[PDB]
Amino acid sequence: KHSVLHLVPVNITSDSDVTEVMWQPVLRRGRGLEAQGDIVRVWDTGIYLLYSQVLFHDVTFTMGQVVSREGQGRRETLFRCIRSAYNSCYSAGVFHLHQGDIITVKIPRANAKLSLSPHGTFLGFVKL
């Protein structure tokens, strides 16, 4: 029976020129993944479907979300979503994640206006 994790915002954090989300579980089955604030640690090695929506509010020229992993201190962008007030940006893919990996959802602009609403912005996992 599939291990799953669906995360929703609690607050939006930002000197570093990026903006992140503190995540909180609303659905969790199995336990090879743990949200710890603005990241999600991977504890069980496997292949995962990973999906991310971000609902943007800014009037900025360009914005989007960047989903990455960092293993032995050397980061990789898994996927990203990009779009030129209110606008959601969805992307997802399937990826080999290892124990020790950290997963992030960053936005490369500082102080980005995003929806905290759980049906607008959310991150999720299905172990396959």
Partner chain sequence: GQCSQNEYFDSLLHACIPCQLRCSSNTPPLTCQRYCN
The other form holds:
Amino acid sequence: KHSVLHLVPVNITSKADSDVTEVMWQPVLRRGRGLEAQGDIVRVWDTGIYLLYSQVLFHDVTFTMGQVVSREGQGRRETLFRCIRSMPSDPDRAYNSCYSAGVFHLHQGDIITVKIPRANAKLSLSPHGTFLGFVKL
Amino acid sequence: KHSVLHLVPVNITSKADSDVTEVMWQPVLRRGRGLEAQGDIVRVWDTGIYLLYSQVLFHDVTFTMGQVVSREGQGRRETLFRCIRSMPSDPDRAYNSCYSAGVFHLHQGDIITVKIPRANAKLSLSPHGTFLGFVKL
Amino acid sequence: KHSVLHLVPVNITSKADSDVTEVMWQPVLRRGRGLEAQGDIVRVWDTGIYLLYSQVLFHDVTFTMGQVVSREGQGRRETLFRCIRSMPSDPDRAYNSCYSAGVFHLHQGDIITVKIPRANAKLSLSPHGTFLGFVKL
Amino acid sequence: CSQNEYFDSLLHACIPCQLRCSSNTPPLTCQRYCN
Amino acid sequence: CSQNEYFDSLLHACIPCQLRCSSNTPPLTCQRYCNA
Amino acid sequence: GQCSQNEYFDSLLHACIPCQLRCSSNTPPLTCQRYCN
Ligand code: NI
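Next, give the form deposited with its partner chain bound, keeping in mind that what was shown is the form deposited without its partner chain.
Now the full complex is given, and it begins with the chain already shown.
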């Protein structure tokens, strides 16, 4: 029985100056104990190797959209993976989901971030369109 | 060892008055039981938490294409995840694979469906373009 | 206790009159044995069932881009999966990542290849843009 | 939905019938309009 | 990056500002260029 | 791997595709090189 966490949106956040949009996460599935969503980040409590996966559903004409998944810890930021998607320029046609995943060594005390590097990104709060998850391997 | 199922298409079917296309599945990899393909749906025999992944390869000019993966059981429907891809409008150019995945609690008796919510959708039968899989975690 | 291997690019290669581009891989996460990167392929030593995932990031106007992941062994190539993305024709806008994954029975002596079927393909060497991994299940 | 729009079950939202007049098979509420 | 470009943190590249002008909220560097 | 004249078999799409679609690309397929030129 592997530890898992599957997270869906409660809300969006984007501050004025930043050129960044993030998602506030809430669990719909968990087993085992090594992880905890706190607002728009996930805290890592147990060191180990984890499968991390991220999907965001966009409805946004910005020529490219996507997300950047990182871990911060011990005074050091590292990008784990990015998903990038070209978008149609017509608002009514501009839908795309962006899915990426990988397996990474996360350490106790790390913070995982999921950032859309545009301000006020138009993205779905649907639990089946946008989500974020972990499996401890 | 972990129980698994990897499925590929045998053919596609689209009902008349519905705006849906489904796939009939064949198993190419099986370890253990707990899951069983029955034509267009997958039956869950063993309750558990599963990694579920789904790819469909489209050759279709419809402005968006994609797939909806759902669970039906105990008198209820629930979408697990959606994949969405905008398509080019020129038929010679309009190719996109759409991949998504997540971890879900599946219960004995459940029926897993993969539905493309357009009629007579043009999707590949190739086992390496379109597929469906499960790993009990 | 699962064997894992996460790999990132060092460089690309493309033989003159072939219409294929490959990636020379370097391991950045490794646990257990059974898998060995060497150059643009991965050798399988321990027979078993593996999660295989692959992402490539493209900056290319070629009408479609993507990758074909295969195994070779006992004089027999088998395509495992492929990822396909339509690209914008405007070079300023032409960015897309292509992610796919599946679970497969890999045999001792197999060679795993990741091929982009265009010559001189413009793909990122960024470790969080283009990557390849394995988890023995 | 409004007139000359359909509920798209993929996108979970109302969409104009113009966007489905290229499709091999447009939805049924859309078919009279795409003439 | 050079004049009338921004460093796009998603693409890790320098991109012309005009790509972001007629689209929601452009990056802060670009905002002056996108008006006048 | 065999198509009508002025097409190539695309190993990514596993389909016959007009050579015309690859003339904007940097390095066309070997068999298309004569058509694009
Ligand atoms: Ni295990």
